[PDB]
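Starting off, we have a lone chain in the form solved without its partner chain, written out as structure tokens.
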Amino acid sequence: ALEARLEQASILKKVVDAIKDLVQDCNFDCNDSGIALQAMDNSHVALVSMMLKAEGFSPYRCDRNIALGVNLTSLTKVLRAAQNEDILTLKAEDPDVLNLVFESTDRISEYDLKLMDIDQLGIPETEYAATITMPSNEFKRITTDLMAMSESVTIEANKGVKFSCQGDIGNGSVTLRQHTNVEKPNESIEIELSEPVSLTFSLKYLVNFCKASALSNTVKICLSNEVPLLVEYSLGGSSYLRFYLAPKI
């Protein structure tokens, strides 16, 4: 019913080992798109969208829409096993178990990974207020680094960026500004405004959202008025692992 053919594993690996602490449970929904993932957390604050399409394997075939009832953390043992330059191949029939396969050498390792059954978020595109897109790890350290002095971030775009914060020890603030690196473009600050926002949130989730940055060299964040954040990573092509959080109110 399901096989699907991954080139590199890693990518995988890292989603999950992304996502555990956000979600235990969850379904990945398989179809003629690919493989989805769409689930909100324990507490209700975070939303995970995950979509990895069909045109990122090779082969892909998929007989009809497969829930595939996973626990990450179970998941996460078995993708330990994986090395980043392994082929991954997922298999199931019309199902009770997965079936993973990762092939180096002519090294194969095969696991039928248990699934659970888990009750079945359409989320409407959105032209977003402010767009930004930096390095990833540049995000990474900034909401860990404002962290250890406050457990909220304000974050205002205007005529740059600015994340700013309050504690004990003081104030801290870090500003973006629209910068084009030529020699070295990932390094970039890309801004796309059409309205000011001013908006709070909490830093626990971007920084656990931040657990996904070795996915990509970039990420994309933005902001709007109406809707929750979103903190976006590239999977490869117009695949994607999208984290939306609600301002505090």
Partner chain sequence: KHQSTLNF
The other form holds:
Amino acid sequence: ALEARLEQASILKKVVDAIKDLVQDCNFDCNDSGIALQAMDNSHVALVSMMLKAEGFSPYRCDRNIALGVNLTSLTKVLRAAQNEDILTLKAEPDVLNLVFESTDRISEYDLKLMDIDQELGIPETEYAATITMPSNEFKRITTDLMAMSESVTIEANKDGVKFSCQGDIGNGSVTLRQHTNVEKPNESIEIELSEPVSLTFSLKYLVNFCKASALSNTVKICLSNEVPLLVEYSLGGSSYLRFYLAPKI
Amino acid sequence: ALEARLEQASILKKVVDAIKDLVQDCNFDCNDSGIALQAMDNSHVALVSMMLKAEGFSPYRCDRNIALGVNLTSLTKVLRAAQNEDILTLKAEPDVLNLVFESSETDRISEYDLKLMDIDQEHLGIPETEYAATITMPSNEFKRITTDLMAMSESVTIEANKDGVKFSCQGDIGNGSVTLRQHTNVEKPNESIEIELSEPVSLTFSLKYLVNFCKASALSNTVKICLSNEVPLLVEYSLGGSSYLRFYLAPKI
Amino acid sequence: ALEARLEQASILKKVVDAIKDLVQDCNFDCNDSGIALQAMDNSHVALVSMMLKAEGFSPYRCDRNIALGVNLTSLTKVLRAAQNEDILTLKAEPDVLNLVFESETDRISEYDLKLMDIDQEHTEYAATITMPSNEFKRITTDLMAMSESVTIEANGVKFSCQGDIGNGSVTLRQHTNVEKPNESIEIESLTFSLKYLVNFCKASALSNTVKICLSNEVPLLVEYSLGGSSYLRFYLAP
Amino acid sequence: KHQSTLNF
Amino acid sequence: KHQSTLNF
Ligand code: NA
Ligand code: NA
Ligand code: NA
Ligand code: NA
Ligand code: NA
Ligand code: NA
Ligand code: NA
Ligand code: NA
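Could the form deposited with its partner chain bound be given as well, to go with the form solved without its partner chain?
Whole complex next, starting from this chain.
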């Protein structure tokens, strides 16, 4: 059914490392478009949506649509045995996912026991009120810093910039980022597209968890609307992506 | 009352990191000379004495003498949100200390309002003391020695004479000593071992406290250790101009 | 009895760091050939055999054969107080091992370690594999995540295991690297505890290559060869 | 004030 | 050697 070669194992190791604390068990969905993951956390507060498009492999061959039911702790233990710069091949007929890691002439071969996992969801194409593009590490720094003093962050957007603010036992904290274009270092830009001002409140525990994906993408897209959940998007090469959706506090 | 701008947050982050394991609650005393801290640990065994002089800011404005009563764990959680190379502004009227952190890179502004507490000052006046011996040495050498000897003993004896200084200990596993000879390093002056002594002197101290003082190693490339039979140990991290972080430690007898 | 100077403390720090989780108490045996260690782990499953040959010191002086009965946690606490690039001198008459650490600067560190009385309990292999130390560390650490046991097959070499999550193997082909000889896999079936092999791999920092020697009749030899004919050797029952 | 669940 | 308290 499946024969999928990645030039570098790195990508699959980072994706699983980024998602495994939110989601234990889940299905990798394989079709001619490539490999997708859609899984809710236990609380139904957070949704992980990943797509590794066929273009990202060399080559990608799907002869039959399959779900790979995987425990992400098990998968992590196997992916640790891959060097970042190893050539990774996924093969499946399935009760087992075959993983081959090629260096030297060194070959690592794993047969991972799969589990039957019942797949849950349609996300509407949404015209958000505000999107903020910013460096991934800036978002990690802010969520980690504010989490020291609060369980919750408010995200306020307007034409001028975005403010992250919180309050706790020790007092109030805010971080304000002005819209700015960095000509030399485009990933360091703060870009704001907004049809209207928007303010929502989120669990910092979840946002900090999403920020474990910071190593996948130099920039992160934060999308806000009064009507719909927060989209935190880590855009990858081509049209591949890791997306986190988070229900707000109300 | 207070408006105090530091070119770099770094200094304030290191000072609090250096002090927070010795002292939980304490007052920052603000006047026209700048910002002072005098706090004893709960055992009254160790005294921290800090002065950031007005000259060290750009600018420093005090219109009224104020105490900022702060929990150093709370203050640490806020200072962690400052990059080393952020421009830091302290402002107070006070129930709240306002901290502003401005990026050296982007136009990003961090703003914190830290709840202050009423804290009764325990200030004691320290006489100008003619020590028996002072040792100037690299901060990292003092950190290395105290950390190493703490593995095998709770106590260190500090002996000074014209020739050098010896740190020695004994424990369950046996004896340890580290001896430093007086030496001038022409190329790397901070690596010098300078000894000024009116008389030989030997005292014993808790390594737990000395290791704690060595969390200030990143503030100053050199450390001044001052010894006298009569008075407590002075461990001084001298800063730019006449600013300083000083630790005083009661000896074991 | 003993006066032994190493140009760099580094070697003694790495040896003890490599051995101290397998073996708590043990004897350093000093004679005119240099300093030897032969100690079993508590289970008598693994044997550590070290020899620092006299040639490795500058100078080495033994006037009388002596055993230094040392707790390796105590010795580690003392060796931590030595910088890698310190000159290390061992001296003994013995109730005590005297260690002197000399700096860059004029700094002298001096330790007297209390010794204990410890009673000393004083092969043409089928296959040897020479490979990079870090390759052996990577393989044993990785497979230990999913299994207690590894099978080692030789003709190249395959390390394979099975466990609760499924099966794993690593295959290395015989290959000569002309530019980087330590990266070569040189080859001239048994099952082992990964817990022990991973422990042996704490010696990876002592040697760029590791020699794995296999025989149906005798225990596995994992050898970290050092400068000249000095060595750290681990033996493991299959 | 309190945590909503996911609603698309 | 017991631990004394500060005396200035
Ligand atoms: Na197809
Ligand atoms: Na893209
Ligand atoms: Na005070
Ligand atoms: Na100084
Ligand atoms: Na000064
Ligand atoms: Na001899
Ligand atoms: Na070697
Ligand atoms: Na050799």
